[PDB]
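Here the structure comes first, spelled out in structure tokens, and everything after it is commentary.
Only one protein chain is missing from this complex, and each of the others stays in its spot.
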């Protein structure tokens, strides 16, 4: 069993400095030794260096860094595609969540029937026409879903992106901070999600059961786990850019990762939005990074009963 | 779709200074804008000034400030009754919980078939003969329940009170610090409650289902939500006079408010016992006040899924 680890130190999907140090923080929290201990054969691609784009002016006087986000994701997609083709499950360390454009596009290149479990406080599904921030880390899903493309204009640097995945092939877990246009999109296209309220009602066990029934109930499919650290309650993951009270507990996050592992289908994992500079203390940064490692390790078989 | 906001900066139901700054603290945490954003048409009555009573000696060498508490609640009931009479859902910001004598009396004056959801670590149902503290914020329910009245002596300043609500019309949620005579009262009058232990067993979804079955399962009734901030765990609401370990989580609190909103029957709400002076830090004070705003906003339609 082989795992590729890719550092994607990208910050231009949003405006807060420091998320580009996420990959180093996660590495320094002991990721590689944790993965080896589970028996993973590891290939470390290091931290990628993304080609900058000169004069990357705002798109439509609103969307920030469109060409840089587009080119960095193009280059990342190529690495992910290559790594999956050589048989690695792909761990990508962010960096802001706009990198999912690249990891999912690269993943889907030769696994077009993949499915997506998006663990996040946010739906990240604004389009360039609905985003009120202009930050591409809050729009990545809009570029990936086939049903949405008549409503998604073409951004400079984005022409290489072919929407691959159907709206029936992504399930959200942990939502609690959704813009009204995103809520409209989720309803209008019948995208399935389990908000914190649904977890409050159902419990995380039934949530995972219904997630896998929706996605792999009829056939086995490679799973793409896109895990935004801010799905966890801010008391557990303070060092992140958009913290929202009322998040997953530690045990709930582990349970999600455990069930991901238990399918046997995990093919790529994003761990994004760890920003150590937003911690008010070194300890706050380290617990956030330590939590990111716990998620990744549990997703590749670390158990709580030994 | 109209909401009145009444500040009741009362502290004489108990002995700790500062709870009279609850209303200002909750307002400064952004309450009015949050209510407006939901579509509430707002009438702000400001903070009331209550008439002092000269020589308000202890009653029976035990009950403190009886006439002041009686008169303040008489005046508050007057304001609540006119606001409900003019079509407003009434939000009253405390202040100690003795002001529920006034808000429920004033509410019932216009809506006599109301029912009460009392969210609290405490039962607040001591009578003047069972209280061991003498503080009227630990007795408000005893003055309101019709079946208890033969055991409730008449206090100076209380003769205006018409206790007509039945013991079958109030349900408690969150109990975990109950005096032995309060436990006797709850059992002897078959008053229904969901303690923290019941929530542990049933889960908050079934707690709310069973609460509404008891109160509105036979007919629609206006709902009075009386919410003591100390129902929440002290880690979440530290700035309060009688914190008790092992309380509601944030998510459980939001879920209660959400189900209150979902009935469509919320007619008045109390948010009581925020005392910002008991915070050990400005952070603890603001967290408690922000939590209070979250409870109120969720009770009037704020969702976690947008």
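Order of writing sets the labels: A and B. Residues in every chain begin at 1.
The rule is simple: a residue touches a chain if its C-beta (ideal position, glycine included) is under 8 Å from a C-beta of that chain, and two chains touch if they have at least 3 such contacts.
Of B:75, B:179 or B:284, it is B:179 that touches the chain left out of the display. The chain that is not drawn here is touched, among residues A:28, A:78 or A:258, by A:258.
The chain not shown here is touched by just one of A:55, A:218, A:219 or A:304, and that residue is A:304. Note that of A:31, A:69, A:161 or A:204, the residue touching the chain absent from this view is A:204. Seen from chain B, the chain kept out of the figure touches residues 175-180, 182-183, 193, 195-197, 200-201, 203, 245-246. Residues 203-205, 250-252, 254-255, 258, 294, 303-306 are the ones on chain A that touch the missing chain.
The criterion applied here is as follows: only the chains that are shown with their structure count from here on.
The mean-CA centres of chain A and chain B are about 42 angstrom from one another, to the nearest whole unit.
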